[PDB]
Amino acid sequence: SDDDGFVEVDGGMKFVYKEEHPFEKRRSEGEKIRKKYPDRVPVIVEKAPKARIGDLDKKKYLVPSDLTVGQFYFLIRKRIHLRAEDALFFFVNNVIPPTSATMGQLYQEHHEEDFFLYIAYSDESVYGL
């Protein structure tokens, strides 16, 4: 007992979506949309702190699970009208996901307790820079 160790609970990253939608309501929607569309995953995308980059009109995406991170990357780039030479990086829990992974795998490994996957985007490869 002298060495009892804390469990470090992971809350994920800060999102406006999480501040504006009560957790219990988020979890209800995440569970239900996964039953409605078992081959898709619900995703929240928001601009990271200090990013200097175009705004993203819509934060909520219902994504076929077999689409890759790289495909979703080009989708988001197009929605913010980024030029090809401009950078865009995604972060899930402060880590850049590999482009070859499926969105389904990223969701399975990293969805939060509300059954959403949370992605932040930035112009920089360091979250918050």
The other form holds:
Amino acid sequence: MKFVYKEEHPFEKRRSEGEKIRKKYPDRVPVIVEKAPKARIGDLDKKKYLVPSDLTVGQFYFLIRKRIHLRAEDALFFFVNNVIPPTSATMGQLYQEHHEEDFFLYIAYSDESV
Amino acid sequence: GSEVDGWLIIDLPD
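Now show me the form deposited with the partner chain bound; what you just gave was the form solved without the partner chain.
Let's see the whole complex now, leading with the same chain.
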């Protein structure tokens, strides 16, 4: 999957901004959230998040769930580098293992678990 | 909520 955000900003601008955000908010991680290519699910109004590193992935699911106005019966899946991240992880842990070289963590969401 | 350079600042719940 390609992210619109990577398609709109040259790599060097991304890395420069990511580097600065990590220095300026060391208790947080910068995260880009976009809908997966062929997913049938609501749109997400905002895609750039400055997330406390101690927030769990589970809590972030809930937060994103709310922004999309998903009902509880509705499914939501995160994908990071083709892996579904564990809900028990903190966003800081997820960020450490999966952030890209522009210092951003990219998360795709979908109604499908594949 | 609060945004800095269009980044949405997420609060840590209790």
